[PDB]
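Trainee: Below are the chains, spelled out letter by letter.
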Amino acid sequence: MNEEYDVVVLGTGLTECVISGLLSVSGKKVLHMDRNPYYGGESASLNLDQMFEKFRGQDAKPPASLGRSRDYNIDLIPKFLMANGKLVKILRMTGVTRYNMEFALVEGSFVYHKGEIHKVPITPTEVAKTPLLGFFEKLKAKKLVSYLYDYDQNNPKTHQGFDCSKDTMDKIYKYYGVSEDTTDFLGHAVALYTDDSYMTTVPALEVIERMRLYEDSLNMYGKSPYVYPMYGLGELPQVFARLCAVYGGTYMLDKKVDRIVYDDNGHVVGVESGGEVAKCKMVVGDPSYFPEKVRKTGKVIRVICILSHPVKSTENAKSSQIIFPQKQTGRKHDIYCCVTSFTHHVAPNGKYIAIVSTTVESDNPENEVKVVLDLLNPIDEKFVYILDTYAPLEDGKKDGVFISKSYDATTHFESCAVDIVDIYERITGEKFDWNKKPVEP
Amino acid sequence: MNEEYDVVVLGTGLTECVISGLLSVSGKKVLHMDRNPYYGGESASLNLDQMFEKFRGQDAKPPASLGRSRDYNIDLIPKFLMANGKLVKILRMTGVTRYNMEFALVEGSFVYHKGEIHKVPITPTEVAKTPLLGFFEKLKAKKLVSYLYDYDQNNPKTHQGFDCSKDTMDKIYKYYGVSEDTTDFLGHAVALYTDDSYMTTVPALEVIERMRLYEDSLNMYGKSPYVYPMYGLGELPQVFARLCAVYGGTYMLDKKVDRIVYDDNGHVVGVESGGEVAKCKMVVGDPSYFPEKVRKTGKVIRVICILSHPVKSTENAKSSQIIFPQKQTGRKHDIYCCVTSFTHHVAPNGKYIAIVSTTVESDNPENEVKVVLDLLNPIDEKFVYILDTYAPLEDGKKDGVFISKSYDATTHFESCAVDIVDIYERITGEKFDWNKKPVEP
Amino acid sequence: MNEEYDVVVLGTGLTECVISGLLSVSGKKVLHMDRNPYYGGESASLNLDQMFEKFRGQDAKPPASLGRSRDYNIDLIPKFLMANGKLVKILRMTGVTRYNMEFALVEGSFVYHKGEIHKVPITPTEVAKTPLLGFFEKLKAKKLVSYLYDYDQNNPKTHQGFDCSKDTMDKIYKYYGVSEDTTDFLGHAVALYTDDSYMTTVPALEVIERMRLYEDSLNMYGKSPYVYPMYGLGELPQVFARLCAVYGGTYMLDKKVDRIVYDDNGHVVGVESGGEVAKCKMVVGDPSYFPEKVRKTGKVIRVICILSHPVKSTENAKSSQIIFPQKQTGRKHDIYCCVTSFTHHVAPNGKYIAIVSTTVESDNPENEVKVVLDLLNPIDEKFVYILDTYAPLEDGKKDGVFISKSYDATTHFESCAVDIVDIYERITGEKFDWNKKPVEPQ
Amino acid sequence: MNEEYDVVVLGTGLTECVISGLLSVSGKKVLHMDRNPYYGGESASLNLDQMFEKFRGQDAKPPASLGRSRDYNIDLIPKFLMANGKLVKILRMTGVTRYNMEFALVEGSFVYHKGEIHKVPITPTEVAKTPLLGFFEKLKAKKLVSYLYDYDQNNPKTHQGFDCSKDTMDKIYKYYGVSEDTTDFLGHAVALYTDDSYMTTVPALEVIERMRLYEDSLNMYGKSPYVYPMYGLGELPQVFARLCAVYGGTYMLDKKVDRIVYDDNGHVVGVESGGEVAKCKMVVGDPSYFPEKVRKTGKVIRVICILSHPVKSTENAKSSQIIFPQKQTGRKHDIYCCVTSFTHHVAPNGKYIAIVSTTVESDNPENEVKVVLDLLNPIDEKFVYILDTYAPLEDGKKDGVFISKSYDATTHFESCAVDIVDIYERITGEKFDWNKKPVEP
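Protein chains in written order, with the deposited numbering: chain D, 1 to 441; chain B, 1 to 441; chain A, 1 to 442; chain C, 1 to 441.
Derived from the structure by calculation, the hints contain no laboratory data. Each hint can be trusted.
Calculated cross-link-like contacts (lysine-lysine; reagent style DSSO-like; alpha-carbon spacing at most 27 Å): (1) A:437 with B:431; (2) B:281 with B:436; (3) B:281 with A:157; (4) A:171 with B:166; (5) C:431 with C:29; (6) A:398 with D:431; (7) B:140 with D:437; (8) C:114 with C:129; (9) A:397 with B:171; (10) B:89 with C:157.
Sample of chain B residues lacking proximity to chain D, with all beta carbon distances greater than 12 Å (derived): (11) 41; (12) 180; (13) 211; (14) 261; (15) 274; (16) 385.
The calculated label-pair distances, taken between Cβ atoms and stated as ranges, are: (17) A:418 with B:253: 55 to 61 Å; (18) D:175 with B:175: 53 to 59 Å; (19) B:152 with A:129: 51 to 57 Å; (20) B:175 with C:159: 45 to 51 Å; (21) A:330 with C:434: 44 to 50 Å; (22) B:313 with D:299: 53 to 59 Å; (23) C:209 with A:297: 42 to 48 Å; (24) A:297 with C:248: 55 to 61 Å.
From the three backbone atoms N, C-alpha and C, an ideal C-beta is built for every residue, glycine too.
One chain only, chain D, in its complex shape:
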């Protein structure tokens, strides 16, 4: 405490934890602090007593019918990992995945359409029979998926008049005559886009590669391409604090940040806590530590629901991804629902945690997610969690202050992984090297 460090990291959300670990295994001396006595900040993992204290009052105690409090590990901002996606690869680079850490598969992958949720179809055979599509759209979509699944960039016989390395997806969509019913599950539930702007801005080959990653992971784990840590995302700050200890640093909880110390040029030189100042060349943290350097970008509502039953139409799946595309709901933002339960040891036996999340568009944020909550009824206990979202004004290169974005409403980790890579590139000034390997402590 109060030394000289290469970097000071503020906050124990996943983005800061991963950046901090990447710096430590690269040889940097890291001081990592958090003002709270717990990990995660806005993305903390709470038990049932903590949920009632936070959402109902200091005196409020949970009813016995909800079960034993310490059986709950409720991640306030739950997200699944794509089995071989960017975050999984970044976590492997830090080495924390080899610890006493288990990833378990998610049982379900579902998408919404006309008041019902259905399994996400992958193969041309499944698309030709999927209840998501009408009779005439099934035929057009079966041909589209056959072409995309049979496409080989190096084999011109499969090109059939398109160069997906250069052409965008909108031309391929219009050629096969598919509607929003096809592009929704394809673009949002398989390729994991959050809006349809990709149809004109990215080559079709990139979209095809994303669908292949979904199929690759799905065939590896069976039921879905998604994994989630046993006991929930709260395990990640724990392993990263042990990782920091292995490399000589320590995670300091319950340490309030008095001020950031800047020089005459406005560049960071230290962080002051309890009258002591720790010198550093850079500082990294989430928006809450630099109110003067961020701007509000919107709101996200998350409604956390404890259920005593699986979601109808998911075939009694005990954990599940459910996508609500905006064009199926009359919205400009998708709604996301992820379901976890005792199978990931986040809830007692027979309990399910279903968390519904979306970007706020109106004056009645709760009403925006009513379409999802109606599919979850009956709900034993419901907690409304609305947060403001922030983004840094500058990239950090001028002032040495590298600030992460708040977590968006998606229930997968791609956008958090994209932010992690971007922050690390802003720190190092170099393109992210996916082959960098840790140094001996």
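Knowing the structure of chain D, use the given hints to seat chains B, A and C on it.
Mentor: This is chains B, A and C only, laid out in the frame that chain D set:
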């Protein structure tokens, strides 16, 4: 019973079950029989009462201190699965992985050396710090393992003077100056070879692929590269019997086979049971059904131990792989010990199943594994299970009789998977297509 | 022409011509250049006047007794094709073999032993009676060759204690008690190995496959397993230049290369010629175009002999393969002699071209082949052709420069075909697909 | 002349010569006779003086403008050999190919279509560019020919919905939508069928084998699949007579056959010539020797033309096969025209032999081939050679008299080879062994 079939399959060991499943999803009409009223044959799954009847006498009763008899699911021939290895990939092709069949990971991977048990090192950092190696061998082995994981055949920068597609491992071993201390854990515990003859007979790239499979399998769930079914291998005949039913067939248990019916040219034409003959073009079975068409290849001892404690030096692992390389024991065959417990629901709470297996070299097989049994003490109950091993004289193309090999002493499924692939290739006359998908019933 | 191309190919030796043709039928846009006004470079096809200018002087004229100069098509580096071997299959893939191109059979296949040359024995009956072996070795080699031709990998009755998929040839040789006299003609004249290292490094099943290839080709064409193009190897660049034209390109002769253009990372981006620069992703060529990227591997002497008579003991053969195994001559390299004549339209009527080749071991290269030349006497005209051999330092994947090896002394094309396959694999990064089929020209 | 023999052979047509040769190299004692002082009988090789004597009169002498009479070797029944076809393989088994007998390739292979002669396309690239097909048929036939050459019976991936071991060509033809423009050159000029009945009577895989034979023969030397002996087919009887003496027999020319001698059961026992009888177990001969044991099957016209120019549209080919499919000529039988010249030393330098042959349908045989003769004009000399054709009533097993068929109109040897194999199988009672090797003289 008395019909026509494409293939008749005899015995419900895993090899027969997987081949039988492959034939059904490929569209063939299969009659699958077993003379026993139970699944598995010599590799059956026994509870405690069944164990005592088999190994102690019809009248011998288990002591109450062993716990509830039906809490035990003891596989007589236990083997772990590589999480992304050949058998799991074949199982994915049959579709049984989508059924209600749950795999839980194995916690530990250990190798024996100079009287001690140690973790299997994978990363260059782990190899640089492992107690398996001396001060200077750590450095030689660190450079070797770094080179192998960074080796890319299509990237010439990583070759560093070797072409592993043509060069063998012995030239690379002598170049880095590693000893048996390195080649043992690397070749036997990571690459899963059973002797060192690979050092001259296979390209180094074949060894590298095996190391990548280990890292890939470990990266899937964490902790170790091995998985094992909940309730043990006895779930596999259950799911494959259901798969057969989906395709219209039935698994007939308790049906003794009177004779195999051949034509004048010696080719199979039917199987006779209870005075009825079922016509077929081919027959598939384990050696016990065709004594006149196999030859004895040796014996394998399996010593089954019930423990009330984890194995010393495995860090209280509740499931574990332990390899005893032959060069560490003064033998010509490796000894294998796999540990499972309540965590795979094969033993009651607080109980461990430790099974020691090796190829028999002498007149006192139990004494051959004494080095391992001494590390397990104290042992609550010990059962000595010695079996003869067999291999077919012909591959089946001339007579239509396709016979599997007996299960070898290894505690992983690689060699059994190779036998499955070979048998299927001999049956179909085609190279095994690792991309085949099931057909609709 | 100075455009943008996928690949630039430099030199018209056979290796470059085949690589260029394979790239064109795969759809690539190829620029093919040569500094000479003629094809082939060191492997060019010369007439008699051209031979005398090259080997005797600008003023030297051939004597009338040698016949019409333009009746000669002398390949400076002659090699036979194994009838269904790798090169024949690669040539078929390009389609150049379907042109106005005829392959003709070679009449003889002979091997040297104790001062004599004899027909290569194939069947166990021929092996049991060949003058290449002594009395007891005939019997030992008859049982060995009987075992190899009766070997069936799928039939265990024929294994007789050996698994030729795993066991090597040295164990089979030593078990049958054969000496160098058997392994020489068998390994060098039938299976076409150039040294005996295969006996420990390659499975016997591969060796058996090579002997079967020889026997199968021999039964198809009769006299020998070898074919040779009518009018000689100079026909190959001609059809390959026509093949390039079908795919829109042109073979540019007499085009000197000013400089190769590389980027700051050292990778090729273009080739500069006559003040013009043609951009390219890769460049392909023989060692002479990249002196700084190759190393000397040795020398090869070729002695080109015009005869007015067939070679003695070849039964008046008008074309012939003749192998001189190194263990039969006290050397560390085999000597090769191939004979062609009017029957392949490479020499006038009554004339024979016998070319003797070996890797140079000493300071007197001509004397190293004297054992062969003495068997050819009398010799009307003799030309000594000594060449340096080279091999590239890198495979081309780092810098984009894919360089061929110099042609070795062998008078068959397997090692050249292995070089072509390797080069093409280095270019595409994929294992050579022997089933790849041409695309239609645009 | 009056000895005992295993077999007596009568006539020196090729069929008799090859059967005689096969018998000799198998060890049988053969007597071979002919009533003529010359070889070949109806298929003899004539020089120019002999042609005018045969077709113009004893007194007619050829004009000097035709060149040196002995420069001509005109085979009255000319046929080309498939470079790797059935007859070539039989010739290899007899060993005559190692003699001083030279085969030279034929330069051109052409087919007639809608009034024009065009090169025969073999590869998919040639079919994709051939003038035989319209624009859209070019594409469909390319896919058809690709499918046939890529077909592997043991690989079901290449089947693409057809089992060519059982399916016929008509279903595959109709599926790819090819017309007679494709089936004519494919079936008649490539596969060498004489009518389209194969489309329904033989498995498609037989057709694929025939196409491979064409491609294989073409790949042996180049330019075309056909070879022809230097100096013409008259060289074949010469080597077989030399072969016969080497194996202990004798060829007796100019020996008239008085009678065949039969026993009381009607089986042959000897042949009588010049008051001497040679006993034998069997007799083999052409129809002219057994008039009471054969029946007339029709007629064949062969028109022999001497040209001073190559055939139009054959690209100045100096030797050529030209097929005229019946559907292009308004006939029920194909017309065949083969061209040879000085390059096979059958004509003087600058002269061409063009022989047109077809089965006779009408009372004016010459008019039936007029469509071809008009394409040859100008013709220096024309000879009309009409023959009756015969076939045996019995197969010879009962009476020991094995009779060959007369030569059909085709200008390739496939049917003559089929007759040879059939006759030899009738003699031996065994299926023809294509791997049998000669015995030592």
